[PDB]
Every structure is written in C-alpha cells, then in structure tokens.
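A.B. asks: Chain by chain, the residues run as shown.
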Amino acid sequence: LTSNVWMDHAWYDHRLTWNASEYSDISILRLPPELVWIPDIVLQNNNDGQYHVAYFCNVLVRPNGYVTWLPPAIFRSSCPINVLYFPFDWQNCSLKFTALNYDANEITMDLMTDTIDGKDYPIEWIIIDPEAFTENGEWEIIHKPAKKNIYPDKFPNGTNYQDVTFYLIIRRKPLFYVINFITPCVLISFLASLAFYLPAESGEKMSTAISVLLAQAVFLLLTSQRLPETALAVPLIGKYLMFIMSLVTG
Amino acid sequence: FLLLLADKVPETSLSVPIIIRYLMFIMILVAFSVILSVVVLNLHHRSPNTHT
Amino acid sequence: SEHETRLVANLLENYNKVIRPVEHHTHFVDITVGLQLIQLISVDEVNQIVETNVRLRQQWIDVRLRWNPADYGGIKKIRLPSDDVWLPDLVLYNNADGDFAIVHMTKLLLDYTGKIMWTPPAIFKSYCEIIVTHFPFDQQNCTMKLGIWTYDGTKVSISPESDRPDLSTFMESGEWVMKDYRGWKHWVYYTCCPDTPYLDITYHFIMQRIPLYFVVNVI
Amino acid sequence: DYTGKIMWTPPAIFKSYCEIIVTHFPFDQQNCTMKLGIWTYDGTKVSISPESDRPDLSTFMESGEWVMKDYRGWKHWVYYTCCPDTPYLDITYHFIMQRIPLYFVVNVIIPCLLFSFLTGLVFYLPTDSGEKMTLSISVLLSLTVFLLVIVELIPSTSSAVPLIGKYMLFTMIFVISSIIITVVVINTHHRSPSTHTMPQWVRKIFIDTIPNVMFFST
Amino acid sequence: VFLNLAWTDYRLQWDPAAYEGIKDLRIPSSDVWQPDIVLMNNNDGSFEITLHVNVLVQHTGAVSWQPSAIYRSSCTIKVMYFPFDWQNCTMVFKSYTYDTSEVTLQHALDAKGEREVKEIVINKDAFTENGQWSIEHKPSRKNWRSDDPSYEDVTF
Amino acid sequence: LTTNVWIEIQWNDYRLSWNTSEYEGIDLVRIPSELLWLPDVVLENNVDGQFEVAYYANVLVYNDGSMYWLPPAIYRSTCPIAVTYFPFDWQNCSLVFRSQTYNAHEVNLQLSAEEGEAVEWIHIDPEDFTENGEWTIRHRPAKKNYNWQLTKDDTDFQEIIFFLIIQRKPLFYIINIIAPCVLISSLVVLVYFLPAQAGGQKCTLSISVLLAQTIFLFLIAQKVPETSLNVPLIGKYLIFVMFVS
Amino acid sequence: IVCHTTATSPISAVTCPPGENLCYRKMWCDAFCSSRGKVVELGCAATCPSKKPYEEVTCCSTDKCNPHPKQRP
Ligand SMILES: *[C@@H]1O[C@H](CO)[C@@H](O[C@@H]2O[C@H](CO)[C@@H](O[C@@H]3O[C@H](CO[C@H]4O[C@H](CO[C@H]5O[C@H](CO)[C@@H](O)[C@H](O)[C@@H]5O[C@H]5O[C@H](CO)[C@@H](O)[C@H](O)[C@@H]5O)[C@@H](O)[C@H](O[C@H]5O[C@H](CO)[C@@H](O)[C@H](O)[C@@H]5O)[C@@H]4O)[C@@H](O)[C@H](O[C@H]4O[C@H](CO)[C@@H](O)[C@H](O)[C@@H]4O[C@H]4O[C@H](CO)[C@@H](O)[C@H](O)[C@@H]4O[C@H]4O[C@H](CO)[C@@H](O)[C@H](O)[C@@H]4O)[C@@H]3O)[C@H](O)[C@H]2NC(C)=O)[C@H](O)[C@H]1NC(C)=O
Ligand SMILES: *[C@@H]1O[C@H](CO)[C@@H](O)[C@H](O)[C@H]1NC(C)=O
Ligand SMILES: *[C@@H]1O[C@H](CO)[C@@H](O)[C@H](O)[C@H]1NC(C)=O
Ligand SMILES: *[C@@H]1O[C@H](CO)[C@@H](O)[C@H](O)[C@H]1NC(C)=O
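Residue numbers (PDB author numbering), protein chains in the order written: chain C, 52 to 301; chain G, 262 to 313; chain D, 1 to 219; chain B, 111 to 328; chain V, 54 to 209; chain Y, 50 to 294; chain H, 1 to 73.
Simulated from the structure, these hints should not be mistaken for lab results. You can take every hint at face value.
Just the calculated beta-carbon pair ranges, DEER-fashion:
1. V:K171 - B:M171: 21 to 31 Å
2. V:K177 - C:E255: 53 to 63 Å
3. D:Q139 - C:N98: 34 to 44 Å
4. D:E4 - C:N98: 48 to 58 Å
We treat Cβ as the ideally placed atom computed from N, Cα and C, and that holds for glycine.
Hey, can you work out the whole structure from these sequences and the hints?
C.D. replies: Right, here's the structure in full:
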C-alpha cells in the first residue's frame, strides 16, 4: 500500500515554556525539529526502508509547552492481499506505528483527542478531508479505524508493548476486469456451449470449441499477471477459469 | 502456457525446473500426436491408385 | 572579492535562519510566489499522478540582509546559499509520491535592500483527478496546490507573481496539449481564530491529449 | 598499524561497461573488464601496484548463469606529450566468463526445433485432407507466439545477429517455404483436366521415374 | 528484521544512587561505540542497517541495540523442483571491520536471560506470513573458516 | 538519453595563487571540490533531478589560480523522439549545460580553446570508446547558445549545448519484427492459388495471417514510444498489411 | 640498435633483441587530449606497425630516432 499521510504529533515539553508577557505577547513559536526533542515514531510494517516521515517540518510550540508537529509522509506499507474473491475483493491494509527509541515507561503513545460538546473524545479513525479527498480509481474506503494496541505478553520496558495502528478496509471497484476479463470470457465460453448446435456435416465443432479454449488460455495469461503468486486461496477469477476450461475440454 | 510461465521461472542454467520439464514433455507429446495424426490421415486417404 | 567576503561575513554573523525576517513578531513577510513550468513528464491515468519539472520562484525581503554598497565596493547583488538564510516552507499539498517541499538547495540572489529571489527546481508529482470517460479524447485539469505548511497568513503571506504560470520555457510533450493555465490565491478561515487566514496558491493546467497513438494502436 | 601501514578494504558495486559479443549467444564467451586508476594524481604522486597477478576469487559465489574461466589483472603505465617522466597508471582487471547454455536451450531452442520438424511434416499430410493450411499456418502462429517468448527472454541487442536469431529466421523462412510449396501442391492436386492437360515431362518424371527411384515408399 | 545486539562498554557505568535512581538510558546510537555488524551476503550494496534507533545503556555498561533493517540478501535458488521447491536462503552477519582479536560473537539470550537463542525469533504480535512461503526451520549458528582464523559469523 | 561523460571545467580563482619559490617549487595542488568555489554548471535538460555531477573529484589548482576540474557524470537527458521513420530513425539529442546560480554578468560560459582553436565538438576516444549496440554516433557538435528572450542577467541567457546526432541500428527489429511480418503477410497472396471449395482453406490462411499480424502489433506496441505527433513506420506498415489482409 | 621504449618506468634507452631494429613512435590523443597531450608509445619493432586515421607514427632505422617529443635523439 502506498499512501500520502500527515502524522499529527502532540506532546508537552516543559523546557519550551515561557511567560508571554515577560516577552512580548508571543502566543506561539515555530522551531525546526533538529533543535527540539522529537519522538521518532516510525512505520514498522514498511516495505521500503522508509521508517520516517518525508518532510521534517517545523514544530509549533505554545507557552505552556504544547508542541504540535504535522509532518507529511509517503509510506509504503506491507499489506497482504486476500485474492479469494478477486476482482470483487476487499482488503484490510494496516499502517502500524511504533516508538522504537523509548519504552512504554518512558513515552506513552496515545490517540489524539477532540471536542464537540464540551466533551473530550479520541480520534479512533483516519482523518480524511471530505472535499479535498480525490478517491482512487480502483479502491473505495469503507472503514478507516485507528487503534492503540497493547501487547501484554510483552513487558513495558521494551519497544514492542506499544502500537498505534491505522487500518484501511478498502473495497475494489470491479469495472476494468468486468469489462475486459469477465464479460468476454463468459460470452466466449457460452459460444463453446452453443457448439453443440453445430451439425457434424460442418467440420467446425472442434475448431469452435478448441478456439474457445485458446481464448480462455489467453484470458488465463492476462489473469496470471494481475495477482501475486500466493497460495492461501484460488482467485475467484482463476477458479472460474479452471471450471470453464475444464468444461470446454469436456 | 510457456509464454505465461516465461516471466516466472528463474533464469539459471544449473538445472531445469520440473515445471519446464513437464511443459516440454507435454509439448513433445502434442508434437508426436500431430505426427501420428498426420500418419493416420495419410493411411486413411490411401488408395490403390497411389499405394500398394 | 575581499569586499564580498567581508560582506557575507558581516551579514551572517548574528543572523539566525530560524527566525522570520520581521522587525516585530506580529508583522508578516510577504512571499511572492511564481511557478515556471518546463516540461510535463508524465500522466499516470491509473494512479492519478502528474509529474512536472518546475521552478518555484520566490521573492521576499529579509530586513537583516541589508547593506550599503558604498561600504562594500559598490556591490548590489550576491548569490548566497539557501541553507544559510531563512526560507519559507512552501509545500505541495496535493503531492502524490514525490517530495513535498524543495530539496534542491540552490543559491539565491540577494540585493542590498534585502530583496531575495530564490528560484529552485522541483519535480512535482501531483495528484490529479483523472476522468477516463472520453479517453483517448480526454481533457484533464490538474492542479498544484502550494502553501506555507507551518505558518499562517498572519506570519507568512504568499501572493502569486502573476495571474497565471510561466510557460515560456515549456518543452512540448508529444502526447499532451496545454489549452489554458491559471493560478489562484485562496484563503480559508477556521473556527479557531477569525483574524488568521490560511493561504494557498493553486495553479491548474488544462491539458488536452493528442489521440493518435491510441487511434492507430487501439481503435 | 603503528608504522602507519593502512589497510582499507571497502565494498563496491561496480557497474562496468563490457563489450558484449552476442554472436554465439547463448554459447557466448565474454571478457568483461574493470579499469581502475587514480583520478587526480599521476604515478609520480600516487602510484598503484596490484596486490597479485590475478584477483581474489577465494570467496566467489557461483553465478548459475556464468562460469569464470580465466581472471587476471594487469597494471599499465601510459605516457603523454605533457611530460616524459610522469606516467599515468591504471590497473585493469578482466574476467573471462563462459555462459551456461541450458536456460536458453530449453526455453528458446527446443521449441523452435519442434516447429521446424513439424513444418517438415505437412508433406506427409494428404490434400484430400483439408488440413494442410491448418497445420502449416498453426505452426506459424505457434512460432509467432514463441517469437514473443524469445523477445521477452533473449536480449534486444543490435550489435550483431546472434545464433538464436539466425535459427529463428531460418525456421520462419522454412515455414514460409513449406506453406508456399504446400499451396503449389494443393493447386496441382486440384488441377482440373478440363482446363489443364498434363504435360509429358511431368508424367515422365513424377509418374514414371521418381516412383521407381524410391524404394522406401509404399 | 530487527537485529538484537548486546555488548558491554566499561565506560558507560554509573551509580544510580548518584543520579536519582537512573538505571537505564536511551542514547542515540551515533554517540556510543557500536560494532559494524552488517549483512555480508547482501545482493545490493546495503551492509548496514536502515533505522538507527537509540541504544539502551544500563548502569553496568550493558548496551542493547535493537535496530531495524529492510535487508536484501543473496541466496542461491535450486531450480530442480520449482515450484515444488524448498529454499535455504541464509543471512550472514558479522562485523565488517572488527575481527576475533577484537570482538567475540555469541548468540542472543532469551527473554528471561539464562540460555542462548539459537534460532531466529518471531514475534506473533508482529509477523506477516508471506502466503507463498512457509517457514519450516529458522536456526542460527556460528560459522568459522579454518583458512581464516580471524573470521567468525553468526549466520541465520 | 543516458550518458557517462567526463566534463572538464576550467576557471581562474585569484585567491588560490602562490609563488613557487616560497613552497619548494610546488606549482600544482589538488584540493577537494567540496572546499572550493565552483560554478554551478549543471545539466538543465534532465528528466530526473540530477543537475549536478556524480563524482566530485578534486580540483587541480595551479600557481596562477588556474583550476582544472574533470568530474565524471552520469546524465539522464531529455531528447524527444522522431518516430516518423522508426525504427530507421536518427535522433538529435542535446545536452544543455548552464549555470543555475550565476548569470552572464558574473560568469562567461565558453568552450575550450586547444591550440588556439575552439573545441566545438564532443570529444570521443576513437580507441577506448565502445559503440553502444543500438545507436551509432554520426555528429557531435557543440555551440554556445543564447536565449534572447532574456537579458544578460536571468541565469538562463547563456548555455553550452553539446549535440549527439545518432543513427539507429535497425537490426533486432529487422530480423525479429520486420522480416517475419513481411514474410507472413506475403502469404495472403497464396490464397489465390487455393481452390474455392471445402478443403481449399482460403479464409483459414488469410484470417490466420491476420491473427499473426495482430500478434506482431502487440509485440511492436511493446517497443514503440507513446507519442502522438507522428505515426512510426513499422506501425504504419502493420496497419497497411492488416488492411491488405 | 638503441631505441627509446615506453615499456619501462621511467622511459629508458634500451637496445632491442635480435630481430627488431626499427625504432617506432606512435602518438594519438585520448580522452585527455587537452590536459596532457597525445599519447606516446615507443620501443622496438621488426616492421613499422600499422597506422590508423587518428594515429601519428614514425619508424626509423637508426639509434634513438624515437625520443619523447619533449626530448632530442
Ligand atoms: C580480455 O580483455 C583484456 C582487456 O580488454 C585483455 O587484456 C590484455 O591482455 C594482454 C595479454 O595478457 C596484455 O598485454 C600485456 O600487457 C602487459 C602490461 O604492459 C604493461 O606493463 C608493461 C611492463 O611490464 C612489467 O611491469 C609490469 C607492472 O609492474 C608487470 O606486470 C610485468 O610483468 C613486467 O614486470 C617485469 O618488468 C619490470 C620492470 O619493468 C620488473 O620490475 C618486473 O620484476 C618484471 O621483470 C609495460 O611495458 C606496458 O607498457 C606498454 O604497454 C602500454 C599499454 O599497455 C603502453 O601504454 C606503453 O607505452 C607500452 O607500450 C604496460 O604498461 C605487458 O607486460 C605484456 O607484455 C608481454 O607481452 C607482449 C605481447 O603480449 C610482449 O610484447 C612483451 O614483450 C611481453 O612479453 C613478455 O611477457 C610475456 C608475458 O607478459 C611473455 O609471455 C613473453 O615471453 C615476454 O617475457 C619476458 O618478460 C616477462 C615480463 O613481462 C617475463 O615475465 C618473462 O619471463 C620474459 O622474461 C603484454 O603486452 C594487455 O595489457 C591487456 N590489456 C588490458 C587493458 O588489461 C585480455 O587479453 C583479454 N583476454 C581475452 C582472452 O580476450
Ligand atoms: C508574567 O510576567 C508578568 C510581568 O512581570 C507578571 O506580572 C506575571 O505574573 C507573569 N506570569 C506568570 C504566570 O508568572
Ligand atoms: C524488563 O522488565 C522485565 C520484567 O520485570 C525484566 O525481567 C527485565 O530484566 C527488564 N529489562 C531491563 C533491561 O531492565
Ligand atoms: C617568490 O619568492 C622568492 C622568495 O623565496 C622571491 O625571491 C621571489 O621574488 C618571489 N617571486 C615573485 C614573483 O614574487
């Protein structure tokens, strides 16, 4: 999975405090993260060797010490495919974020809170601008949860007791395949079936059927270079191809 | 099928994978099927005007 | 030159590239932004990505970087490195898979008034809504949204250098024709504060495809 | 060491330009080189000498596609018109490697052999069987799909015509000639007497001489 | 993979009673000495790790470093029973520059350290099965070279 | 276009001059380029973002302030293709060098003068140069060009251009695409000597040659550029033979 | 015969074994045609080697005909 995401950190640094009236009424400050302490919170389930954000932008500081940091990132996460119902598949792709520089007794990864009606509520979802989000042409987002995960088998001392994970349950838009893979093969196999109406006085029964099988072989070729060579399931389309190739051989 | 499989087989020459041996087996078997079908058709379309 | 050496030593002596160039923290530094399109490299109609080679012209004044030429041999321009002075964090909001900000730390031009002119290159890989409805006879409208990432219009104000990009050095693509191109400056207000607008310049390019490859190879 | 004797053995991925001779492909021998020298100094400032006459392959992993036959390293000095006492040195290591011709034999050659052998067979297929064109032109189609395979496998070099290419073009011309003579045979077979009277030389040669010149036939 | 390195630096010792009971520090890796433990059998040119997490220093001088890496290792493929094949595919690890006269390579200890772990560790909380490859074995032993007394690797 | 070039920059820095008598006759010093002022000579017509050189070699500094920098570079230039006669095409690919920092009032880019004559060409070792394999170099000129839409300022006024006019070797295509398609499409005239009756197999041969032409079209589509300004020659011929079939 | 040969470092005036008494001198400028000049090959030969379009050869029959262009015979 390739994603453009904005991480939004927030933490308090008591050392970045100041009385705004002692100075001029400076209510806020921008500081490069190469000068201040930064929690290197990294994508652990990354495929490329890219654990960090892409632009180490400035942190915003308030006189109370509240530091915010919204660095943008381009992550390449490892999310395995469930090809069973391909091309009608929905995937559950995860972005797992850890803190490998400090243990859970030194920092605590939490989810951001927000307010609506004087009540604090956590942001248990990926944030998506409903106007500025251009939907991908192949994948639709159904669910987008976010979870803080604790692993009690592990000890708090250690970097494996903590996890903030962001899940994308995305559904495929099955139109390119329906228009270029399924419909033609279905109709060509129907041709094979209809070969039984052809009289033997026409030397065209076997030609018809075996040419239909050649077309099915071409479609199998196109299909084989669309999925990973996994073995936890036979793709629905490959299932249908085997079924229909066997039926045409019959 | 050989074309299909081209982009998925290691390009090493220390051995032949059982999959390519199987495909070559089936390919040569189909070839011999062709040869023998040609022979059968030759025998079937033979006559005294051409053959004793 | 001895003069320019002395000047650059005296200009960066007490200069901090971390603080904005303002006499008072309340005021803003206006940055005149301008996009120079050079070639359209690619259009991925699947991933919905447009790849362009651009120069991001930026002008602004740094009150701390002034001098009298009479005291420096008549010098009126220098070519300081960009990592040595304060720069604005202009980010491509609609970036897809490339770099958000500028990474080519090219030298900048500095006048005696403090006026700076930085014109660094960039490969923008933007995210464009692609409409495959009349392919290959389709007309795309692809945008580059730019803004200051960590500062608000109260601290850093941007303004486009011209109503529309500069395509004077545009290499013709061979598979895309640019019909029109304009750039708009926007501001957005939020419930947090009414006196604080958040700014973004969005340059868009309306590109019509040349449908010959796909006519002779597919139709 | 305490004497100032330094030993620095860093790694490197050398992507070197090698004159590739695809003339006997896949039975091709190469002599890829790696020329090394000091860029900014000359032999009077920085001299380089080869540790040994030949590289160290004591920890060389076997490739699976190439066999290293010979490997050696030569030092060279070159003189210029600048100056008659400043030689400019280089060490050129060359590795002679023979390709293992099994992948390409099994995947590119044997199928072309089958196609050739089958093109030499439409001549045992009688014409009363309306299938000669079927067979010949389907062999041609199989060979075209295999041409796809070949272009996917073998290199797109234009330095010279390899053996794979010569054999493929020979096979293709073989199939084309097969199809042409097949058409001639079908035209003679379906040669109506109403419009074509058989010559006398044809009857003397094909009906009267060659049949007897054969013994193996029925 | 996470490498799990541990060593002792006599210089990073202190009494916690003198420092408000600080018994462990997290220190950037660039600030302490670390051995050049690298993947030798890489196919790219990336010997060293990718993510330089900060080390864990105890008041005894015990330095634990659990850095992360996307490693691309070279393994010979046995093309005889493909696709019904089983691959070995090792990962060789040693210090690029330090040798036996300088560092002694051992195996890592289990969670409750009493005995060495002579296998690759897999954490089920964090492990994505491939879908095309089943891991049947995952041992780890030290390998030497009789011709080279200065060589010692920990191969996985 | 991908090239490996050794570009030789030469200039004078009055600050790095010295008198040899004070330094035991030393007239030549090597200083790393990371320590010196360099003109930001870059490749502008690059597709990637590699404007600069690959190896920052040392700069030979002479007592008079002369600097000889011979940095090697690996440049992925941009040169549009002329498909019209593909694969019997020759391309005119350019390497445009200018300073992206300094202007003409600051630096004057010029070509080398060896023996008082200007080196208005790319230098190519005739002995230690390996011809590519698909592209043959015919011309290799170099000229100083000025963009007159700009001023003596603006940093893009002057530029040194090196050209590579290269003729393709159309042999892979000939003995893998051209000759096969030609021999295969020449078969559709053999349908005229087959009998017009069951068993003659006219349409069999014709439509199978059409099928082969379709496969060849798929093979060519994997080899031709995706530009839509002109129709190449091999695709044109494929269309012709498909219309004929 | 006494020829000048580049088969030594530094250049030497060595006598040729029996069979070669033609002192040759090849020259041609390579990728360093400018900073250094034409290459200089010298030595012994039984017959004057061939010449290509870019080379500049000069073979003799006397002693030390082929000195470096910055020297004299
Ligand atoms: C694959 O591709 C490869 C690249 O594309 C390609 O590489 C080429 O291979 C050929 C053959 O293998 C190479 O040709 C050889 O090049 C040698 C190097 O020339 C360099 O150095 C010599 C000086 O040599 C002395 O010093 C060097 C370095 O220190 C030592 O390595 C040498 O052993 C030798 O040392 C002796 O002398 C020293 C004092 O000088 C002593 O200190 C020391 O103790 C030793 O006594 C220079 O002369 C050369 O300069 C000339 O060439 C350069 C350019 O190369 C010019 O610029 C320059 O102006 C000069 O013209 C060069 O710098 C040569 O040594 C070697 O020469 C022998 O062969 C040629 C013909 O082949 C004869 O003419 C010559 O007389 C030599 O014959 C003697 O040596 C051979 C074996 O080398 C014997 O068989 C022969 O009987 C004779 O023997 C006597 O002398 C021997 C010492 O050499 C001694 O051992 C014997 O016992 C006997 O007494 C030859 O020219 C070529 O360079 C390769 N090219 C590259 C780029 O690598 C490869 O072939 C390809 N493979 C395939 C399969 O395709
Ligand atoms: C901030 O400074 C002003 C000025 O002395 C002082 O009156 C005020 O009490 C200070 N506030 C705090 C919280 O110390
Ligand atoms: C972490 O905590 C566990 C459980 O108390 C303990 O066994 C282990 O020694 C601790 N690790 C360190 C480095 O203190
Ligand atoms: C160079 O230095 C020497 C002193 O060693 C001096 O005598 C000579 O005049 C100097 N040359 C110049 C050109 O200044």
